[PDB]
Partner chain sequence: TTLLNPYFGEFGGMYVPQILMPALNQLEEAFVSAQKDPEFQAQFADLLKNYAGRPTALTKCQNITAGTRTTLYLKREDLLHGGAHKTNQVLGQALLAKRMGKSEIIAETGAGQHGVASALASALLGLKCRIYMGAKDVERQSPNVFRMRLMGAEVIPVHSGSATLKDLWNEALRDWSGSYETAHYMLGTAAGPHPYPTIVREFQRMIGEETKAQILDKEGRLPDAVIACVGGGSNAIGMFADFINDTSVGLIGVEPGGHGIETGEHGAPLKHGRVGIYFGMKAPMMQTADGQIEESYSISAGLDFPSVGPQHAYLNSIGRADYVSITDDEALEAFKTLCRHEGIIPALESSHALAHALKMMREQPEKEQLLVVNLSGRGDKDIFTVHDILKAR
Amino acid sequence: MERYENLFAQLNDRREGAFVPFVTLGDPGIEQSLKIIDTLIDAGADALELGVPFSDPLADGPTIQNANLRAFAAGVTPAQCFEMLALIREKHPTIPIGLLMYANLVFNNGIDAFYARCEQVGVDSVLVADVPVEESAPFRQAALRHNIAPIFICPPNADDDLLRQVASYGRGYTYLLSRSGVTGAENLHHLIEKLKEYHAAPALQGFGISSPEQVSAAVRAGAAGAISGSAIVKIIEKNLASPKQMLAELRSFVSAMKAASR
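Would you pass me the chain only, in the form deposited with the partner chain bound?
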């Protein structure tokens, strides 16, 4: 497969930025999460960025720390995550699906085996938040042997040495970090340019993106789209006791962000 190549071909022929929602799988329960994801896609998400519940989300702010805890409260495990993932790919054949992982979960049972399981379930990419490019060899090799794109973060403090590594090693999309700190709805031209100069996979901006003008702006800066997590997770958070409203609030945020990508 080539879901990202193809989706970016399609988007470029209609001059549209990608809009990519992040949610924690299994938050707040498995069925509700499955419905939240179908609603996201129904609402216009061009691709999905999905978090697997981990015990120590060290690159994550409180909104998502709380989405990890809700998932564990529901009893979600990595295994259940992969079953969910195969149910998503069976329902939606062409949407690119990427995982946001922490290293211990990828390494735990064998790096190569984790990427074999991604390939069998239909995942298209994986970003390991605590594996810098300097430690990524074993990870990127196993992803390419299983046809998985290994996604790297291009941080605000990147030097030219890093830009080149990110462009040479990454596939699918380049994750463009909007600022320092951690995920959180509460808190780059040249990077973009150098990435295209060095032929990096199309960039997607993220961290802090919470409103529709932001989406329009990223595309304008040259990013090929934007990812947004905390602002979608907050909506789930607010409407925990009223599910119907949760989907209707979600549906509306998404189409507004999506419509801003055009």
Given for the second form:
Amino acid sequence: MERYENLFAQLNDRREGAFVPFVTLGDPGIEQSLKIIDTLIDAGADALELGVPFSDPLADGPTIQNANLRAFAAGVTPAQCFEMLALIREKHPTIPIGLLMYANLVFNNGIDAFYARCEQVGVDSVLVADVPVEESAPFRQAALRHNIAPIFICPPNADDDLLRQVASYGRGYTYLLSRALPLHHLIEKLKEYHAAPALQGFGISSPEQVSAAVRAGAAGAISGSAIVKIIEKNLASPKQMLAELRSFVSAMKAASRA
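Structure of the form deposited without the partner chain, given the form deposited with the partner chain bound:
The following holds one chain only.
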């Protein structure tokens, strides 16, 4: 539906980098998560990265692990996630919506049915976070068959062979992890290979990292856990939670004008 392409063109009009918050769907409840998402959007978030609750405790830090646990504790299911996604899309028809999920979710009712459901509720992209590039073809093909952008992660030491693959396979945005190779080198090579615009997603905790990412030439930044941390720290006070989210997103967008 051109949502990412149009966003990045309009960000170019604005001379801005994209700011893309991550949150877990249903954290800390269905209605609160819907309103957190409306608040992020109203405060200036350029696109959304939305997680279907998963479990990766050996690797995740406490912020992302606890958010998954809060969502499951609220009784969140994938079905409710897809209904939330449909509602967010109906209320906000133009914002790019990227799903982040883990492979276990799809190996329940099948790869094609998963991407069909994404297409049906209006998701724009899907990152299957724990699938090696070497095994990605069934996911990539299913995504393209259902008009979904498959998101590939560019790791920090990518050689040119891999950069060529990531550039060719992905659509919408490239999920870049770079603080191993210099940040500006990965960015330049991805542009050389006509990759989807790069969003720096490593360590995007506060305005300084957003500013560094845009100054290095990235098209924007994804905040993988900083929004979730504000949710966790303000659980007892929804009003203050939403106020702190609003000042956070405002500060991250200020940094994206650097």
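We call the rigid core the largest set of C-alpha positions that still match within 1.5 Å between the two forms. Residues that one form lacks are left out of the comparison. Residue numbers count along the first chain shown, from 1.
Chemist: Which residue moves between the two forms, judged by a Cα shift of 2 Å or more on the rigid core: 225, 206, 26, 57?
Modeler: Going through each option, the one that shifts is 57.
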